[PDB]
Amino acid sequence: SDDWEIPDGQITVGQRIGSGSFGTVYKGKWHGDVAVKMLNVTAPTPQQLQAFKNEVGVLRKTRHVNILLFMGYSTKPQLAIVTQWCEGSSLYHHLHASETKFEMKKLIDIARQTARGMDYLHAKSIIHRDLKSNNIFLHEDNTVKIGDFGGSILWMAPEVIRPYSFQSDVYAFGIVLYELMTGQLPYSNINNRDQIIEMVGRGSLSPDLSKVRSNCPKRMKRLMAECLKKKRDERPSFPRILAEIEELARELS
């Protein structure tokens, strides 16, 4: 992978879609529909430039169906990152902001695609911090795309509260399994935001697994409980997680 810079003037920026991890995200026209994440500043700060370079160097190493397709970047007009245009909404929107009623097979398949993406990233020695249902996009409502999109304490691990590792990502994936199988956020009953942080970091608070659906598979619930282990080094690696999820899904096709 080399020479991925897009010259200025080739992209036609369109409607502003919102604010991303840094800068603003628009929909652009460049050999089809694309998404442009730009930094609307005249001169970027050292922090901004280093974050841009790190994110671009991480994106140029990814070629997987369940990872958002990086396509190029621009620096001459301003810092910009170009990705594929996806049709659909984030998993958080489907679960907690919309009334979409998925099938259990669809939930299992979403979990499997997310596990595939995360195992791919871990194979590249890439720790994805701030993993949540907002960061899992449903392309055409059928394909999972993982990315760092633009409150995230719900997925935070006890160690991160007190430093990021693969095990924190496994715990975040466990929380994702929780919101997939139950349908709601982990601690709805707890209302004080600061209380949740201290309680979970201390270790007294943990998700209520009675919220899982009756048709939720046994092995799926057991794996979700194993991924949400309070101890950092008690959680399985993502190869075993993907293997269990694939063995579960492959018996329903």
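Residue numbers count along the first chain shown, from 1. In this text, the rigid core denotes the largest set of C-alpha atoms whose superposition between the two forms falls within 1.5 Å. What changes on going to the form deposited in another entry:
Rigid-core fit between the two forms: of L69, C216, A225, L49, the one residue whose Cα shifts 2 angstroms or more is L49. Once the cores line up, the CA of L39 ends up 2 angstroms or more apart between the two forms.
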The other form holds:
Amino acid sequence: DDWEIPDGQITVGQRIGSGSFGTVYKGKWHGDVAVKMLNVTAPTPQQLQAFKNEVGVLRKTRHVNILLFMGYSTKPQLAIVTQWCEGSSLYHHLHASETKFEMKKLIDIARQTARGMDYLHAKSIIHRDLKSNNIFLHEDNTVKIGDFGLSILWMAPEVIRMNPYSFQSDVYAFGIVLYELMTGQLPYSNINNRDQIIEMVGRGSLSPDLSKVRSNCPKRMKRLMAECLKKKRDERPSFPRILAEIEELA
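With the form deposited in one PDB entry in hand, show me what the form deposited in another entry looks like.
The text that comes after this line covers the one chain and nothing more.
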């Protein structure tokens, strides 16, 4: 209630996109904000409770690599308000812009992502949907992980088979983000058949082709990727070990 933003304080601007049960807009509120409108109207109290529970989770997070929760609204509509991230998502940088990231910057982006995930796991939060589309590069330099309130290329085999969500399935998703960073591509780009990828990854016959990792990528990083991507969940390292291996790799 200390974080509820009264009706009329936020000027909603450009629509950015929709996804994750809502639509994100840029807005103004003591500067720039992002406003994620939920697809509800006259919330039933069951919905209003699920909403307050979601806000409860977000309020647990204060970390430089976690998208900054800033408030919520109930009027005129249910919405989550966060900082605005100056710049674009990691997905745009890797798969649209084709930015020439130095390998140095790639590993740093990997390091900051692991810090945020390590933090989330220390707060007992399983992300459940980590992907480069909802990792933002604020001012091109600081990772911000969003979309953990409440697709298949980041899903661990046990999640595809359908509770499979765990710290270790988060680790697998991070390994796919690593694959994006070190190849510049999404996994399974040769295949481009969603049902085939579900079938194959789910049964454990398909994993990302690590031969596409860029040649100037360090071998310790390639091995770390392979560990996060282990088909057996219990063979995946935790984020403290990932963070150690990264920060000691640089």
